[PDB]
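Undergrad: Chain by chain, the residues run as shown.
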Amino acid sequence: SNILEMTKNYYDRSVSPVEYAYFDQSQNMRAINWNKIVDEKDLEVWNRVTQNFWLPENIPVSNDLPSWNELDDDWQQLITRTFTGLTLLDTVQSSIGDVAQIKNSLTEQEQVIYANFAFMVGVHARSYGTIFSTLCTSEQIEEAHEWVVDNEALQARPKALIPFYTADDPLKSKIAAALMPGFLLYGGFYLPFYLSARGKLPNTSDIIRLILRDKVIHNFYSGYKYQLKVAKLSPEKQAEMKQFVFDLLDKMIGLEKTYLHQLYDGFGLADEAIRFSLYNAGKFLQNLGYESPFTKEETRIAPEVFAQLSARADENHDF
Amino acid sequence: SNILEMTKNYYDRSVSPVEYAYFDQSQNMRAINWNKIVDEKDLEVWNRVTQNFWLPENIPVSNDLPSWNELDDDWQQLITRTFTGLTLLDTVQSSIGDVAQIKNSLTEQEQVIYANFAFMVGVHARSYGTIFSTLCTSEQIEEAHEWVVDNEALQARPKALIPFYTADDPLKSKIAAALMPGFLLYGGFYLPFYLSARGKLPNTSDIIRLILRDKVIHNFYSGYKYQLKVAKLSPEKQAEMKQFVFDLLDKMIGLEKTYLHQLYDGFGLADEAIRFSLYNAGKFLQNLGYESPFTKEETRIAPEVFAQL
Ligand SMILES: [Ca+2]
Ligand SMILES: [Ca+2]
Numbered sequence: 064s065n066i067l068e069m070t071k072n073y074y075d076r077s078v079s080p081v082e083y084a085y086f087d088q089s090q091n092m093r094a095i096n097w098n099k100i101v102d103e104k105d106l107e108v109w110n111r112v113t114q115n116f117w118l119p120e121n122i123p124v125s126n127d128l129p130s131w132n133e134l135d136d137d138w139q140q141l142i143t144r145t146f147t148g149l150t151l152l153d154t155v156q157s158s159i160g161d162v163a164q165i166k167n168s169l170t171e172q173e174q175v176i177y178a179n180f181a182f183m184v185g186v187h188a189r190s191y192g193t194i195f196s197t198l199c200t201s202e203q204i205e206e207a208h209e210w211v212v213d214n215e216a217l218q219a220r221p222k223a224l225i226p227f228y229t230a231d232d233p234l235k236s237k238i239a240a241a242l243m244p245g246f247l248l249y250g251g252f253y254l255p256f257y258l259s260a261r262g263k264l265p266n267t268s269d270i271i272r273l274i275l276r277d278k279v280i281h282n283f284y285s286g287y288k289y290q291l292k293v294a295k296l297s298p299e300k301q302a303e304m305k306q307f308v309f310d311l312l313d314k315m316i317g318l319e320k321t322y323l324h325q326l327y328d329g330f331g332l333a334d335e336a337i338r339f340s341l342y343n344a345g346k347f348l349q350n351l352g353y354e355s356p357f358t359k360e361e362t363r364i365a366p367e368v369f370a371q372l373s374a375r376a377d378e379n380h381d382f
Numbered sequence: 283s284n285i286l287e288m289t290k291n292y293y294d295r296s297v298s299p300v301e302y303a304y305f306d307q308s309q310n311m312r313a314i315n316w317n318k319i320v321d322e323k324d325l326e327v328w329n330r331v332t333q334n335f336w337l338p339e340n341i342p343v344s345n346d347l348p349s350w351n352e353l354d355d356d357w358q359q360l361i362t363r364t365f366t367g368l369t370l371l372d373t374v375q376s377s378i379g380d381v382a383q384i385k386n387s388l389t390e391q392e393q394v395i396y397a398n399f400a401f402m403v404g405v406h407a408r409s410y411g412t413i414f415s416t417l418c419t420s421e422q423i424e425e426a427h428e429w430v431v432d433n434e435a436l437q438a439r440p441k442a443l444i445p446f447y448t449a450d451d452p453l454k455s456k457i458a459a460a461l462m463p464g465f466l467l468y469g470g471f472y473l474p475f476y477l478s479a480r481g482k483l484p485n486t487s488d489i490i491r492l493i494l495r496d497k498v499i500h501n502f503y504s505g506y507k508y509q510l511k512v513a514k515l516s517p518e519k520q521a522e523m524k525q526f527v528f529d530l531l532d533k534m535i536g537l538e539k540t541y542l543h544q545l546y547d548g549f550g551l552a553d554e555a556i557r558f559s560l561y562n563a564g565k566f567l568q569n570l571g572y573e574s575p576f577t578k579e580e581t582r583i584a585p586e587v588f589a590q591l
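So the protein sequences, as listed, match chains F and L. Using our numbering, you'd call the opening residue of the first sequence number 64 and step up by one each time. Using our numbering, you'd call the opening residue of the second sequence number 283 and step up by one each time.
Everything labelled a hint here was simulated from the structure, so no lab data went into it. Do not take every clue at face value.
Claimed, not checked - Pair by pair, the computed Cβ-Cβ distance ranges are: (1) F:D231 <-> L:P445: 12 to 22 angstroms; (2) F:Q88 <-> L:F528: 20 to 30 angstroms; (3) L:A479 <-> F:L169: 39 to 49 angstroms; (4) F:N132 <-> L:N291: 48 to 58 angstroms.
Unchecked claim - Cut-off 25 angstroms, straight-line C-alpha distance, at most; resulting in silico cross-link-like pairs (SDA-like, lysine to any residue): (5) F:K99 <-> F:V78; (6) L:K441 <-> F:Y74; (7) F:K222 <-> L:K290; (8) F:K71 <-> L:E428; (9) L:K290 <-> F:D136; (10) F:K99 <-> L:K290; (11) F:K320 <-> F:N214; (12) F:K104 <-> L:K290; (13) L:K318 <-> F:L128; (14) F:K99 <-> L:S415; (15) F:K99 <-> L:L347; (16) L:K385 <-> L:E434; (17) L:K290 <-> F:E205.
Just so it is clear, CB atoms sit at the ideal spot from N, CA and C, and this is done for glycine as well.
Just chain F, with the same shape it has in the complex:
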């Protein structure tokens, strides 16, 4: 009789609206409570991603015109194709992937953070448009859209992830949501960093660094939430989900290698791009609480390219 409550906590006898909408219409709904935070990590991530708000209009991409004009039509086509491919992946994640995470949230604040992620990946997709508007002809832009629609190897990658977003397994959906910012775009990000290391398109690489400042947090956060949810499963179910993660990454690496060999055909950059990709595949696995199986030889990045990748985003570009 010593521990009887005079009133029962509202939180434990109500559900978030998204729970009510998709899972259980038997309880009443609670408003989000930002005054009593369940997980302090949510507040840290919310504060970082909102403080990091930026728009591509902030970057003087016009200052890349001299170095753009030092690249032949084949290079300009490769860049337009690569970036239109990255635009497709960001369109997938903004319109499907990140918003699909909201209903599977462990906390109230996580629901709002994934809304931020979906919006900011939309800004990432929009930023390629800003670059194209400054550097590319109408013909180059149209050709790259045609090439992306008609590239089966390119299309195979988002087609492999989308079913996990639309299905009812929240852990498989979460793994897909981590794999996109954690892995799938790095083969393309290699190209601007390779070029900027050789003195070309420095302002473009500034936009890539603003995109990556967001992507690394998206990857970290989805991996963090995956680890909390998978830890509640039986040992057998945890082993099954680990096998699924490695099986899906295995498939996605195969599809990425096939695509990058086609994309970089005639440039000989596929092997360098793939090593850069696998370095990031290792960090993706580490963010899900697993060990990287990749050899030093397989993940070797030129220091000049690593310097572009690791350079901190220019705060002058912050909103």
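Take the given structure of chain F and dock chain L with the ligands to it, following the hints.
TA: Frame of chain F, contents of chain L with the ligands only:
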């Protein structure tokens, strides 16, 4: 023989990812094209809502403490309850309502704009948290959350709209989405408008005005897209959809009147709040391309409150 295409444009033989994901897996996916924009209104709305980015940290709510301390416990409770009620609506809009619109978009840019809306109405909900952190006791905050969960009249309003978001009729979902910032907002916003006019809580009022600046664009945009899409129905199905809008608004006015009576009756503000609500219900219908059926008498607003619209 004169009109054959040598190659069909990529746009008309591909689909956006969200179309591929939910509706048709038979075509390949196109990347969003921000260089060739189908509707210039999308670019205008995108530029306005992104340029209007704000966070509640950048308002000095602490400067309201003297004004807040001029309000008795009953007034402080009413404000905390009203704002926690608006927090619930914003939580519904952020987590379900706005994101449900993405897959039903007419244009590529509309998909990204509704992602912005979902995020920014999340910022609206967060901004009430900022106000409470500065002004309210932990007891006042917890009481208001308890009140929201146990208020059946309050709960009835989002419970009536959520089924449209999760169902497969995109125009009914669009209407249910617009009713949140376009109608249910105003019963609650009456209170800060009333208090501001009497000289209370000027810094809190700055947050309310930043929220309003976003919500008026949200309502315009959903209304704009509704009118474009309902224009592509048969005359018979256009008539059916008009009847649906009036039927659902009639239901939502019934639920709102019951809630505002329970929220305000002890303060004698319910009749003023309901007239304010009905005025904005008239504007909601005009925003969908319909006529207001409401009388001058039942939509009467005090000039100093009317001025803040
Ligand atoms: Ca090579
Ligand atoms: Ca009265």
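Undergrad: Does each hint hold? Answer for all of them.
TA: Do the hints match the structure? See the list:
1. F:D231 <-> L:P445: 12 to 22 angstroms: holds (19 angstroms)
2. F:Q88 <-> L:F528: 20 to 30 angstroms: holds (26 angstroms)
3. L:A479 <-> F:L169: 39 to 49 angstroms: Since the Cβ atoms of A479 of chain L and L169 of chain F sit about 43 angstroms apart, the hinted range of 39 to 49 angstroms holds.
4. F:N132 <-> L:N291: 48 to 58 angstroms: Distance hint for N132 of chain F, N291 of chain L is violated at roughly 29 angstroms.
5. F:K99 <-> F:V78: holds (15 angstroms)
6. L:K441 <-> F:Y74: holds (18 angstroms)
7. F:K222 <-> L:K290: holds (23 angstroms)
8. F:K71 <-> L:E428: holds (9 angstroms)
9. L:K290 <-> F:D136: holds (24 angstroms)
10. F:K99 <-> L:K290: violated (56 angstroms)
11. F:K320 <-> F:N214: Cα-Cα ~14 angstroms, so holds.
12. F:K104 <-> L:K290: Status violated; Cα separation ~50 angstroms.
13. L:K318 <-> F:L128: holds (21 angstroms)
14. F:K99 <-> L:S415: Cα-Cα ~10 angstroms, so holds.
15. F:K99 <-> L:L347: Holds - the C-alpha atoms of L347 of chain L and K99 of chain F are around 21 angstroms apart, at most 25 angstroms.
16. L:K385 <-> L:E434: violated (31 angstroms)
17. L:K290 <-> F:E205: Since the Cα atoms of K290 of chain L and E205 of chain F sit roughly 12 angstroms apart, the hinted pair holds (cutoff 25 angstroms).
Consistency with the previously given hints fails for numbers 4, 10, 12 and 16, ordered from lowest to highest.
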